[PDB]
Amino acid sequence: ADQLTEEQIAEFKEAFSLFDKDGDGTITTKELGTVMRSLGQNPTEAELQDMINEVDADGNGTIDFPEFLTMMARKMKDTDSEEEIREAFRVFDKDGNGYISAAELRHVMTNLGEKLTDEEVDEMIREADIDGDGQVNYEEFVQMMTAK
Amino acid sequence: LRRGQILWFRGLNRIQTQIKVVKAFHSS
Ligand SMILES: [Ca+2]
Ligand SMILES: [Ca+2]
Ligand SMILES: [Ca+2]
Ligand SMILES: [Ca+2]
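Each protein sequence line maps, in turn, to chains A and B.
All residue numbers for the first sequence refer to the deposited numbering, where the first residue is 1 and numbers rise by one.
All residue numbers for the second sequence refer to the deposited numbering, where the first residue is 1086 and numbers rise by one.
Quick caveat, the hints were computed from the structure, so don't treat them as lab data.
Backbone N, C-alpha and C define an ideal beta-carbon position, used for all residues, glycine too.
Incorrect hints may appear among the rest.
Claimed, not checked - Straight-line C-alpha distance at most 25 Å; calculated DSS-like pairs for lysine-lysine:
id : chain 1 : residue 1 : chain 2 : residue 2
1  : B       : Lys1105   : A       : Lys75
2  : A       : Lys13     : B       : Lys1105
3  : B       : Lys1108   : A       : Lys21
4  : A       : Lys77     : B       : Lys1105
5  : A       : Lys115    : B       : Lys1105
6  : B       : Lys1105   : A       : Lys94
7  : B       : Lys1108   : A       : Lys13
8  : A       : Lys30     : A       : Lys148
9  : A       : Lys21     : A       : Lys75
10 : B       : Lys1105   : A       : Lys148
11 : B       : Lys1105   : A       : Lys21
12 : B       : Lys1108   : A       : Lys77
13 : A       : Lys13     : A       : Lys75
14 : A       : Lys75     : B       : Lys1108
What the hints assert, rightly or not - Over 10 Å on every C-beta distance to chain B, these chain A residues come out as not near it, computed from the model:
id : residue
15 : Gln3
16 : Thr5
17 : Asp22
18 : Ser38
19 : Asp95
20 : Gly96
21 : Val108
22 : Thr117
23 : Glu127
24 : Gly132
As the list claims (entries may be wrong) - Quick look at which bits of chain A chain B covers, simulated, 3 or more residues with Cβ under 8 Å:
id : region
25 : 48 to 61
26 : 135 to 147
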């Protein structure tokens, strides 16, 4: 528990609503599995049980706030920003044709929850489209992800 | 658009988190 400033409860609160589908005040097997599904994986039902049981200290079948912080305090794992670099490409390149297709990008919105219109879908593409080839190459992808 | 970094990048940032939560469950 390295979080002693109030401000941090404030931050954590917002975070809770991120996975709380039914805002029941508890994390359940249903909402757990939905979010992972978004990760592009097809976990089996038994996965919901095995995973929840491991974190569920009180054996009540769900994860509450106290059980939440314990993990957050020890969840300081260092992810090399590179881990998501190459991997993020494979997801976008659905058919692995060596290029990022517009149809493939469209699905990305759904994951981020941007609910972009046709206009904005085309707009983003223009930004990376250094040439009127109508497709986004690996080089263009990097230029855009070159944030920090 | 200038500074198109915000639009593109924003989404990248969330994905890092996506799996930050679950890693706790798996434990490597
Ligand atoms: Ca919930
Ligand atoms: Ca519990
Ligand atoms: Ca493709
Ligand atoms: Ca291009």
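inquiry  = I'd like to know which numbered hints this structure contradicts. Please list them from smallest to largest.
reply    = Of the numbered hints, 8, 18, 21 and 23 do not hold.
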